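Please construct the entire structure, taking both the sequences and the accompanying hints into account.
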Amino acid sequence: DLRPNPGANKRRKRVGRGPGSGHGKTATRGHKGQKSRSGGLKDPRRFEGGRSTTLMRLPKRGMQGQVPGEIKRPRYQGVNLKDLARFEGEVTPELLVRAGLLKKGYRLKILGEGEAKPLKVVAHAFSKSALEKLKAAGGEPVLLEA
Amino acid sequence: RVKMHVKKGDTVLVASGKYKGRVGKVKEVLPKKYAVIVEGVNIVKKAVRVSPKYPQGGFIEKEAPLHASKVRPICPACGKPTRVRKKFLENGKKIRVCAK
Amino acid sequence: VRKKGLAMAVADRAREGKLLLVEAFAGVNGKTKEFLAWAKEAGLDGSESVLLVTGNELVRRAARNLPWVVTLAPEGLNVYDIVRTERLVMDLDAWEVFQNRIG
Amino acid sequence: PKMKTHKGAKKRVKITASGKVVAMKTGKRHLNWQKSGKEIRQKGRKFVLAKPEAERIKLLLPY
RNA sequence: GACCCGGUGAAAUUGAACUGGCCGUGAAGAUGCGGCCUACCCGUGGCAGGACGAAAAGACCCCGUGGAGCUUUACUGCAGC
RNA sequence: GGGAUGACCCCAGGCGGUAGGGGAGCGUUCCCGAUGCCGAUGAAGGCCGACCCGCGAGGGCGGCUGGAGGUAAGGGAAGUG
RNA sequence: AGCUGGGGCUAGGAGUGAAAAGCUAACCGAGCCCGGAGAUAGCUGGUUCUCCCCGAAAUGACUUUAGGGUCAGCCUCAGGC
RNA sequence: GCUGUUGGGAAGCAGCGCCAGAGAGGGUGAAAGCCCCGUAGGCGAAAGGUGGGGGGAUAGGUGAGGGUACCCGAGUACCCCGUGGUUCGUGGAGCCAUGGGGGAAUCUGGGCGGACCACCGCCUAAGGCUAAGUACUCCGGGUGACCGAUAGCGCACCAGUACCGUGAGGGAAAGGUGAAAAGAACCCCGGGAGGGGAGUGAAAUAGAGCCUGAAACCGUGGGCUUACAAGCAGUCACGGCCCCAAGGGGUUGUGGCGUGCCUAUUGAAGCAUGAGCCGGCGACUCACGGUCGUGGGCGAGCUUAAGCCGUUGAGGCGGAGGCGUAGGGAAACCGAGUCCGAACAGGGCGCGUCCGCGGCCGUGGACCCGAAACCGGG
RNA sequence: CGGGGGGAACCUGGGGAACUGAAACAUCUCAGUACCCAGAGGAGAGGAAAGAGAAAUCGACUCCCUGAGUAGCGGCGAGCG
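Residue numbers (the entry's author numbering), protein chains in the order written: chain BP, 5 to 150; chain BY, 2 to 101; chain BF, 105 to 207; chain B8, 2 to 64.
Treat each hint with caution, since some may be false.
Pairs of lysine-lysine, DSBU-like flavour, derived with a Cα cap of 35 Å [claimed, not checked]:
(1) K54 (chain BY) with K88 (chain BY)
(2) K3 (chain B8) with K107 (chain BF)
(3) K29 (chain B8) with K5 (chain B8)
(4) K39 (chain BP) with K29 (chain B8)
(5) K29 (chain BP) with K52 (chain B8)
(6) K76 (chain BP) with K5 (chain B8)
(7) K88 (chain BY) with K135 (chain BF)
(8) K135 (chain BF) with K8 (chain BY)
(9) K135 (chain BF) with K139 (chain BP)
(10) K76 (chain BP) with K39 (chain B8)
(11) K36 (chain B8) with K76 (chain BP)
(12) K46 (chain BP) with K47 (chain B8)
(13) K135 (chain BF) with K14 (chain BP)
(14) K17 (chain BP) with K26 (chain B8)
(15) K108 (chain BP) with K108 (chain BF)
(16) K17 (chain BP) with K47 (chain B8)
(17) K29 (chain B8) with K107 (chain BP)
(18) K3 (chain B8) with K124 (chain BP)
By construction, these hints were calculated from the structure, which means they are not laboratory data.
See the structure below:
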């Protein structure tokens, strides 16, 4: 290939916005006209008025956490038998981490959408539904863990 | 000592500028200036004797410095850069296809 | 995107008719002399600039100091060095690694 | 250098799968004494509008 | 002392100036717009009506969720007792 | 609307403008382009120009000075007017 | 209850004070230097090349708010209908 | 690596060669691989430093059962009071540390696993030492999309100086002849300072705070022009005179028109702010997060961090991890559903990533300059 | 025999602010930061479990990346983490 015009295509635009001249964004600088466009202003997102944000709303999202922090408890990850359809033989956790879902996220639970497939399928649980669909050839390796 | 270079008090050929191709004896070396002397560059300096003892000092006036890179030593043959030979004991300089 | 670039960069160069991968290097003991002679027989006249990749360190020492040739180990293959050069010359062992670096 | 989540909102407003911002109806934590069964009942959750764009921007890491 | 001559020679201030009067006008107190009147070009010694003349980002006045000194049966603290 | 898309020609509207929003450019320093190319038959910078191109920011060309550096096309970065 | 020379001591919320908030190295209602420090300043001022298109507001609600702000209203760019 | 050619001067330009593990870079009268200093590549320490990296040599370390139950760090543990540290702000408040009071035991000993009890488990306090992987840059060296003398350190220069202040402390300015000094003999005017000739030089309007030498500012000469006109100083028109040519350039006599610039304002020629003029310095950024947009790569996937290897302006490797592939519910949980509910009522919520670029936002002065003041140590 | 004093940063320990932020302010923040003192050295600190924490688990300490702006802390404010 040549040397010049490998050149950036279509739209790179590194032409950012400077404000200093008679034409463009002049005098007071491309915005501002007033006081509190000057080297800091309060937020907004949350702030201001000095009204009450809306922190008049209320934290019913109760169960916010006690001192020594979280409780370790075994956490479960969903995956649809739809997603399983892909591959054949026998499916197990970690076999799944080496793909889209589960990854490290611990205790596998197969459930839900799509038609089931003839393969034994190790899991920590199922939805009732997915246990039923998986009657169409396939597993009840459940129980697990020790 | 950081000062050091090519030639000493001896016959050298200039390849310089004005005095290009010249062959002169002893270069009377600086090397503060990396300069030499030969009978190459020459000029007039104005005078009246440091003391007018023997009145005027004279008027012919003598040789300018000349950059040591302008000169190039010589023997059985011409210019030649210098090379440096072991000698089996000491160390002397011999010219390329030549000696001393 | 780097694989792509690297693959493509060579390709443009292949399409141009510039990619020539070789085998013969009697131009040994990396002497500029030796390489140059060898180059003459390979029609590498020094009329265009050339990117030479090879694992053979003697041929590397061989070019280098030539001012129309850019010398390079194969792991150093890269688009810029490819592009800046007009002509591309590879060891077959270098072309082997270039293979691996893609797929 | 890395934004912090604004705990005061995390603590009181869910973010839906659309990305609407959901908050409990205000106004029945002690008021009551006798407001209609309708009042005290009619407090499950709700949307907000334009003010959620703001509330979202503060739950910045949790998305 | 001031004035004239010979020797040396500052300063604040200063948008630029080719810088008149009256009646009007105008951000409502005009050399600078309008109309009219007046006026050859340039100095020097004098006066202080004007240039809202100079100097100092008004001491008064209010404003700022500005400061600081002082007070107390303002608050909350501390030293001390 | 043509459409031998020619960014080149017809048809019709519009084109005061502060805060602002948007869009296209110009120029300065540095980088690749460069082991290249321009330079003592004269670089950069400076002094003229009633000449040329650009709507403009600017770009050339011509003379004078200057005396050794400068740097395309096309990209990139910023102590950029 | 005098003046004055020399040699000493007392200091910064501290000294000294026949008392004025006086003096404490030419500005003391809390010294001076260096440091935190580029304190903070909802205030005043200043903000640098060119061309092209569009183009506001000085209302409402709340605001220890009222010359500051948050949402709404009015401007603009892109996509969509 | 020589010659030839212009030039004051070749390294330019030309002819014909050569070296290259060396075509990095500087210098040489201009622009040189082959003139010089270098570069690639390779040598070198008597002396004094450094030195398990490779050797040696010590110190040192090398058991089973079965019994006794003699020892296993004290004002210590432990508890209470008062506090500190930890993400923990008295909280349900453990753990670690301890100023005060009280005050054990030696393996049935004792601390802990977030008040506390009970199981189950973890560890052995009240003695001490321990490299390396980590930080920093007075100092040596290497690099630079770092500065180039109002910049870069305050300081390129004899600067922490001159100067200022009792003192702590404060703190400047000021670089450049030329290739070579060849730095101008001697004559002339002058007291000298300065000139004028001569002379050197490629050049002296390169002549010594000497390269380049912009503007303000001050002169001299020349053209046009003005002493009965009134003015933001210009402009439009005519006409005259002056300078190279049917076209210009300069100037301005009379006529028409005409309220400076910036800021701040409802409103400024304004008798409202700023500004003597000229030159230089002088203000919207960068890091990391975020959020839109856009150029791309791959896609139910996308992507790697620290590091490791390789380069010496070369790229690789590295999936810990991160987003996305599923939602609802405070939670237990259930799941294409789920939450409230007695409910086959109702209703609420329920379908990409990586890199570049740009707009904007949060955190850091975050567009630049400015306080009155507060605190610490002097 | 040792000590003493010096050393640009860097380290440990003993003491330890305020402007500021919270759009006032006291709890909170700035921040165990700035600064003062003592000490250490080419580094310093730490270091071989009366540890972690729920795992038939791991196995000195230090440093980097993760974990994570999560767990939590918080006039449940600002913010801290």
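Now the hints, each set against the structure:
At roughly 54 Å between alpha-carbon atoms, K54 (chain BY) and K88 (chain BY) are farther apart than 35 Å, so this suggested pair is violated. Of the pairs offered as hints, the one joining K3 (chain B8) and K107 (chain BF) holds, with about 32 Å between alpha carbons and a cut-off of 35 Å not exceeded. Only pairs whose Cα atoms come within 35 Å are accepted, and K29 (chain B8) paired with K5 (chain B8) is accepted, the gap being roughly 31 Å. A distance of roughly 41 Å separates the Cα atoms of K39 (chain BP) and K29 (chain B8); the hinted pair therefore is violated under the 35 Å criterion.
Simply put, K29 (chain BP) and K52 (chain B8) have alpha-carbon atoms about 30 Å apart, close enough for the 35 Å limit, and the pair holds. A C-alpha spacing of about 24 Å is found between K76 (chain BP) and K5 (chain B8), which places the hinted pair at or below 35 Å, so the restraint holds. Our distance criterion of 35 Å between C-alpha atoms is met by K88 (chain BY) and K135 (chain BF), whose separation comes to about 29 Å. Restraint check for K135 (chain BF) and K8 (chain BY): satisfied, since their Cα atoms lie roughly 33 Å apart, inside the 35 Å limit.
In summary, the hint linking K135 (chain BF) to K139 (chain BP) is not supported, as the alpha carbons are separated by about 76 Å, beyond the 35 Å threshold. Taken as a hint, the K76 (chain BP) and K39 (chain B8) pair is broken in the structure, with Cα atoms around 41 Å apart against an allowance of 35 Å. The straight-line distance between the Cα atoms of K36 (chain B8) and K76 (chain BP) is roughly 42 Å, outside the 35 Å bound, and the hint therefore fails. Between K46 (chain BP) and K47 (chain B8) the CA atoms are separated by roughly 28 Å; this keeps the pair inside 35 Å, and the hint holds.
For the given pair, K135 (chain BF) sits about 48 Å from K14 (chain BP) by alpha-carbon distance, which is inconsistent with the 35 Å threshold. As the CA atoms of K17 (chain BP) and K26 (chain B8) are separated by approximately 47 Å, the hinted pair breaks the 35 Å bound. Proposed proximity of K108 (chain BP) and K108 (chain BF) is supported: the alpha carbons are some 31 Å apart, at most 35 Å. Pair hint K17 (chain BP) plus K47 (chain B8) does not hold up; C-alpha atoms about 42 Å apart against a cutoff of 35 Å.
The suggested pairing of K29 (chain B8) with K107 (chain BP) is violated, with an alpha-carbon distance near 43 Å, which exceeds 35 Å. Restraint check: the Cα-Cα separation between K3 (chain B8) and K124 (chain BP) comes to about 45 Å, which exceeds 35 Å; the hinted pair is violated.
In this structure, the hints that do not hold are numbers 1, 4, 9, 10, 11, 13, 14, 16, 17, 18, in rising order.
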